[PDB]
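Before any questions on how it binds or moves, here is one chain, the form solved without this ligand, in structure tokens.
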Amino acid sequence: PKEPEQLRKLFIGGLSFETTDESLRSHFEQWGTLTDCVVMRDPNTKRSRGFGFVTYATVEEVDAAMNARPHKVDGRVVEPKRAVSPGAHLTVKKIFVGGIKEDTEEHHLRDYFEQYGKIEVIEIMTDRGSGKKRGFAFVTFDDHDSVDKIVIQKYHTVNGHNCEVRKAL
């Protein structure tokens, strides 16, 4: 029962124009089995478009590749990104966490979310007038991949609450 292919892909931006299917594959195979690996090229000139994609056999392999950033491929530092649910990636480092009610504290959010990435800010939202907890929070990470992993999960359970988590701008 394989994970959906969409969740096993990495977009690789910023390629050297001299990177090929073969050199991209040789590089990224260090972190897992690649079922697909392609450099996007112009249909007439064959000149590289400067980006490509690799598809791993498993999500854990995608994680391994992302944890090995920065990647220098054929002499240039590239920009890998995983897919999240217009074809444009909203690359952000902050999430909204809703449904946490009044009993959820910072350590609850930290203990859970720290396994997705390095946390820089936790903001538990309180009422401007009364100071009472409003039942939602924002978490800011040091890097976008944490957020990307978070928002593709179907479920998040924090402090016994089923939470709604979205990218925050």
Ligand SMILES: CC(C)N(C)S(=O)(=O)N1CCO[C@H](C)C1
Second form
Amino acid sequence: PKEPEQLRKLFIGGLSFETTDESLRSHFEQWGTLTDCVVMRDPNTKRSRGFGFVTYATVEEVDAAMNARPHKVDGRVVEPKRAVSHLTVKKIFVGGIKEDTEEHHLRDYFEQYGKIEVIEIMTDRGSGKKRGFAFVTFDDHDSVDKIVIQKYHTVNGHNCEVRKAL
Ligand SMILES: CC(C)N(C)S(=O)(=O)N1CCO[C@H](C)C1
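Switch over from the form solved without this ligand to the form solved in complex with this ligand, please.
Up next: the whole complex, starting with the chain shown before.
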């Protein structure tokens, strides 16, 4: 069946106050079927709150929209982010990699989530031995958001624990 609706949503910040449900939909329908699309407004004045959300039919459509950033909607570059599972970071902790996992193992796996800028395999300050964890820094937060919602990460045969790093 369908992926959970929460994983199909994009929170769009930085909207022009002139953006409407209809203009937000017309824009974001370029990357998939929208089952929902709302501009948040004040309950009394109806003036835009400057943000809204869109819900796609599939996760692949969310990916397509994110890959099409930057989005200029009604003349203003907006800020789409996947729904919270927002702590917006570009770096992950990767644990459980033991002593045999190398840079290329992490690169070959994680490069399919986003563009990697730094891989830091952690070693012991005294002995230089690998400590069994690493940090990966990407050029953009959506890579991290995609990573941390997965139930599982398998790298170099290890089932890894992956979390946002700050
Ligand atoms: C040993 C490991 C489990 N940590 C406690 S960490 O390496 O300090 N680490 C640094 C902060 O970001 C990560 C989420 C956590």
